[PDB]
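Next up: a single chain in structure tokens, the form deposited in one PDB entry.
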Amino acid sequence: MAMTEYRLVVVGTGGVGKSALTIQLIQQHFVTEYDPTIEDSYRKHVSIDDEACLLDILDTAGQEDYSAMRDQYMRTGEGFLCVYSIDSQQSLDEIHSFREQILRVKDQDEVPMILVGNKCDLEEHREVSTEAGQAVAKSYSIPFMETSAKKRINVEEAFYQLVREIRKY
């Protein structure tokens, strides 16, 4: 009996920590200077709510003319991890267009996604309050989480929550 595979796409402005969160989930260490242009896909066998499954994760990078793989992942993506950085209001503001574009490509009014405020270790440099991130997520009726790839806070939980959202769809 084959386990279900979930295709997940991590999106967000450059520098928010898409690679660092994805590499923390897969390899369980914190990267500091990962190439901002590398667009890799990753796999991981996990159990979520005690149902084993496979995660198929595209770690998007840059906004150059997309590869055919990115376009396929955008069309076939089952859940989206929409990442901003709590120290960058600009990265949160860009989330609104990431959601429009996901809903545009998927051609539906609602697509499983989670709003992730990353770098929650940078409390000194916080621009986006938790309350404001919760307000965006409540407005879009999506789950919300603050994460730290650096301090390993809620990394697995963010991905697992996205799977729980897909399973409710």
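Superpose the two forms; the largest set of C-alphas matching within 1.5 Å is the rigid core. Shifts are known only where both forms have a C-alpha. Positions refer to the first chain, counted from 1. What changes on going to the form deposited in another entry:
- Fitting the two forms on the rigid core leaves the C-alpha of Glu110 displaced by under 2 angstroms between these two forms.
- Once both forms are overlaid on the rigid core, the distance between the two CA positions of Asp93 between these two forms is under 2 angstroms.
- In this overlay on the rigid core, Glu64 has a C-alpha that sits 2 Å or more away from its partner position between these two forms.
- After superposing on the rigid core, the one stretch of 3 or more consecutive residues whose C-alphas move by 2 Å or more between these two forms is 62-73.
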The other form holds:
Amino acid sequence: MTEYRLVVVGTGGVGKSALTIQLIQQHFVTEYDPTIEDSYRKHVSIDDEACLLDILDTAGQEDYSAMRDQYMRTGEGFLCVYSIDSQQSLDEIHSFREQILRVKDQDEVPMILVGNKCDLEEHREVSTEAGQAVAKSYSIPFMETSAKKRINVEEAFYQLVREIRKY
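Next block: the form deposited in another entry, after the form deposited in one PDB entry:
A single chain, with no partners or molecules, comes next.
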């Protein structure tokens, strides 16, 4: 069957790991256990095609940027995650994209922009519009997600597989 290697990137604390564990294990990680690097494997069916997903969960903290560089290099597509309560997490997305394109040595790489923590409406400071504006500037799909409420979790990983399929 077809294997897809998906990498989750974005700054520290935005919910990378929680989104991964929702996808893999259908439960919400309430603790913040910061990642250096973890990987997971799941067999799924996407558009009635047999798939194997390899998910690389990477460190968002800046002190680990070089380890992240190395682990990213086997990725085929990327989830670029910010959180809607943090404009700084969105502003850092530009640098994550840049790092992705440099490590893959390509002008375009399958990737989707993910504004996580959308259940935190009381804390929102990035509008859906503002997220959609960043994705539009890079010609990539956009989705708001919630690891806590299970909103668009499967959707975001599966759409990334569809981005990889057309690459």
